[PDB]
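Enquirer: Turn these sequences into a full structure, and let the hints steer you where they fit.
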Amino acid sequence: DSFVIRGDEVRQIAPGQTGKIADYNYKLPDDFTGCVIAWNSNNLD
Amino acid sequence: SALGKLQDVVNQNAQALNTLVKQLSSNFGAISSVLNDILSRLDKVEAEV
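Protein chains in written order, with this note's numbering: chain A, 1 to 45; chain B, 1 to 49.
None of these hints come from the bench; they were simulated from the model.
A virtual CB, placed ideally from N, CA and C, is assigned to each residue, including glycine.
Check each hint, because a few of them may be wrong.
Simulated DEER-style distance windows between Cβ atoms [claimed, not checked]:
#1 A:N42 / B:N27: 38 to 48 Å
#2 A:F3 / B:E48: 44 to 54 Å
#3 A:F3 / B:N27: 14 to 24 Å
#4 A:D30 / B:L24: 21 to 31 Å
#5 A:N42 / B:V49: 27 to 37 Å
Expert: Following this line, the structure appears as structure tokens:
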């Protein structure tokens, strides 16, 4: 699953979280088995 | 005091049940013993712990 978020939002990409992204865009289940991989893409701007 | 054996059995049943109910108030290291506090004070991951 792949997308671009602001760096401060990356904390929300974890199982059982709350916040705008975790509520209204992309929610992980409480028993999630997997890896979340993220990096700054600031050079694209 | 003649019926001490039977009154002791009634007392021990009441003492055991009162102890079992009083233990609902104990924290066991949890942030509150009122379960609805935990479910309203915290996010789901911390609440489950």
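Enquirer: It remains to establish, for every hint, whether it holds in the given structure.
Expert: Hints, verified against the model:
1. A:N42 / B:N27: 38 to 48 Å: holds (46 Å)
2. A:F3 / B:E48: 44 to 54 Å: violated (27 Å)
3. A:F3 / B:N27: 14 to 24 Å: Distance hint for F3 (chain A), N27 (chain B) is violated at roughly 41 Å.
4. A:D30 / B:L24: 21 to 31 Å: holds (26 Å)
5. A:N42 / B:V49: 27 to 37 Å: holds (36 Å)
When each numbered hint is compared with the structure, violations occur for hints 2 and 3.
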